[PDB]
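For reference, the chains in residue letters:
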Amino acid sequence: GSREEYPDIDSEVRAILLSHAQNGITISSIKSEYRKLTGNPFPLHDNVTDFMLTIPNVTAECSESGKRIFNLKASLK
Amino acid sequence: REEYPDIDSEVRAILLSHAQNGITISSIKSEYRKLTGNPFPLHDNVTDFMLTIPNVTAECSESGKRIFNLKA
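Quick mapping for you: the protein sequence lines, in order, are chains A and B. In this text, residue positions in the first sequence follow the authors' numbering: the first is 148, and each later residue adds one. In this text, residue positions in the second sequence follow the authors' numbering: the first is 150, and each later residue adds one.
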């Protein structure tokens, strides 16, 4: 249970997403940006893709070079 | 992919035929069930495996529905 020592993980990750909404972000970037944002190393060591995709309005996919990319879904109106 | 050699082929097929409208995990599992005649090997972290398949996209919807697709 890593939610005990890092309870705000949800809003912190959504925050990084929101900051990267335009172009999307990789995993290693999510981590470095998490460190920059909170002063603490990204706590999640297992199943990060699953964690990312537990968050609504998120899409993921790979570039041709094999980078797994996450981004917010465009709004529909 | 290791123990199950043809898993790649089978999941690629389930995608090709049944994912045209997007496909959830459990749909992949029941489709695999109706395909190979046996329960889908993976339980946890299927999203990771799916994403390792070329030309596949994942999405968590506004309402929290996890759906997989082929790009175009």
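Read the hints as simulated data drawn from the structure, not as lab findings. There may be inaccurate statements among the hints.
[Claimed, not checked] From chain B, some residues computed to sit far from chain A (all C-beta separations above 10 Å): (1) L165; (2) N187; (3) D193; (4) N194; (5) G213; (6) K220.
[Unchecked claim] Cβ-to-Cβ under 8 Å is the rule here; a few derived chain B residues that face chain A: (7) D155; (8) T206; (9) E211.
Backbone N, C-alpha and C fix where the C-beta goes; we use that ideal spot for every residue, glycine too.
Numbers of the earlier hints that this structure fails to satisfy, in rising order: 3, 4, 5, 6, 7
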